[PDB]
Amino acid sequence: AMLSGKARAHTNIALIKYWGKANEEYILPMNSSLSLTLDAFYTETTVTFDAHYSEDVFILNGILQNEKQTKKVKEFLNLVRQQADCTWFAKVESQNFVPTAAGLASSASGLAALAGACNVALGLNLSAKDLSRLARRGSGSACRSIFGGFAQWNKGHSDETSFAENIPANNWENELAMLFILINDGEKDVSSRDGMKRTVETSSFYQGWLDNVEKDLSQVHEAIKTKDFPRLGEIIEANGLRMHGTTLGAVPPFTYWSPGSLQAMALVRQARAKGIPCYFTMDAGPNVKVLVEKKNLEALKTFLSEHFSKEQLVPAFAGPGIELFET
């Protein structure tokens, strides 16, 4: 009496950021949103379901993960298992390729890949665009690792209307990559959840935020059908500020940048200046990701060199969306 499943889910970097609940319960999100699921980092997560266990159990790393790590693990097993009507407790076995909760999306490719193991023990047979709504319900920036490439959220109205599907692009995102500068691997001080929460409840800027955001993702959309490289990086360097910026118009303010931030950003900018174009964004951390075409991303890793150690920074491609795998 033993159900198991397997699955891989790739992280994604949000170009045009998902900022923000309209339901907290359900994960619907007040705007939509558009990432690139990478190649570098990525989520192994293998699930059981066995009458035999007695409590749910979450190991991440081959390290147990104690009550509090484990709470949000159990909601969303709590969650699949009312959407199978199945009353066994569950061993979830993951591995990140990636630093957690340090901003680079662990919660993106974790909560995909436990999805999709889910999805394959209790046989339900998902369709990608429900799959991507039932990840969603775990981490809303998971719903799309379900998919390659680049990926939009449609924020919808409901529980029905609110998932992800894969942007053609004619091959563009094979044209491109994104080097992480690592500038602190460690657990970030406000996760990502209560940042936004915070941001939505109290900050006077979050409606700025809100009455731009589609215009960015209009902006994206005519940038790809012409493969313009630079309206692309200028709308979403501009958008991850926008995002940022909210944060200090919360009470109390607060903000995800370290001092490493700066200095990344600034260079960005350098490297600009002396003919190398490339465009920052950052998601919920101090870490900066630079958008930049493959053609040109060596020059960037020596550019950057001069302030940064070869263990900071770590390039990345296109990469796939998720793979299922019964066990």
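Here the rigid core means the biggest group of C-alpha atoms that line up within 1.5 Å when the two forms are laid on top of each other. Numbering follows the first chain given and starts at 1. What changes on going to the form deposited in another entry:
After superposition on the rigid core, the single residue among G103, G233, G140, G240 whose C-alpha moves by 2 Å or more between the two forms is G103.
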Contents of the next structure:
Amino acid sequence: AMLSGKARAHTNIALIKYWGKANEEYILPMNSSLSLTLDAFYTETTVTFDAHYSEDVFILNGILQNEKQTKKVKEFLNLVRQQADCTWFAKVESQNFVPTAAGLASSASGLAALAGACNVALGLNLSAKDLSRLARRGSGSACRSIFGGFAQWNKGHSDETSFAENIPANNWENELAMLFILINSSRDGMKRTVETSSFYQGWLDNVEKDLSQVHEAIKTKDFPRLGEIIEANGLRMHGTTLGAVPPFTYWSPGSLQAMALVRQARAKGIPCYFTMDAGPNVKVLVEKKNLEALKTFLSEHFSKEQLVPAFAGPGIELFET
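Next, give the form deposited in another entry, keeping in mind that what was shown is the form deposited in one PDB entry.
Chain alone follows, minus partners and molecules.
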């Protein structure tokens, strides 16, 4: 009396940022967002539901997780169980394929993979749209990792209408790369910013414009246009935290050094553009045909261990056990 499933999902990096929840219970976002799914970083997850299990168990990278590290997995297991009318405890075993001791966020790839594995194990037979809706309830950004390449999370207005979809780009994403500069809370800083920042309305008033321009850059394969929009959108998101009460920044000293070096690279004719999420690492969007020039430039202040490249990656892969 057991049911099991497995999935692999890749990480994605938001170009137009997800930033603020309109509804916390269902993770419906204040604004739509757009990401690129990456080949380099991913999660592999298996889940087992078994009548003989006596409690929910989460093992990550071979290590038993404690109640605090298991809280998000357990809330996702509870809602997929309630939706199946399933009364069994589960065991989740996951491995994050990311750089060791690097601060990469694996909630996108982790929750997407778990959603896919549960979909298989419980035989939910979800379409890609409904699987994205399910993954959305685990982690907002996970709903975009259902898809490969460019993907947009439409904010919708309800559980039924908030979900992601691939953005056809006539394979332009296979000409692009992202270089991660590894530099020595997301959900709480976001909530504080939505509820208290004098700058948050300025964030909202500019997202739709940014999304339209990204769509137009994609349709014309205009890399400098794309890069300018996404770099400014990321800086706008980080500006909002300085208007929160109390104010805060996600940046570290090394973040600013990296951002400054990207601007210098661009001054020397290397078209590249940075973005940051809720932490200090700096991701650099660059065309493949320019990636080695960019790595050559940043060698002077960063070891090779700090420069990890990534390319466009596929949507979720589901596996029967």
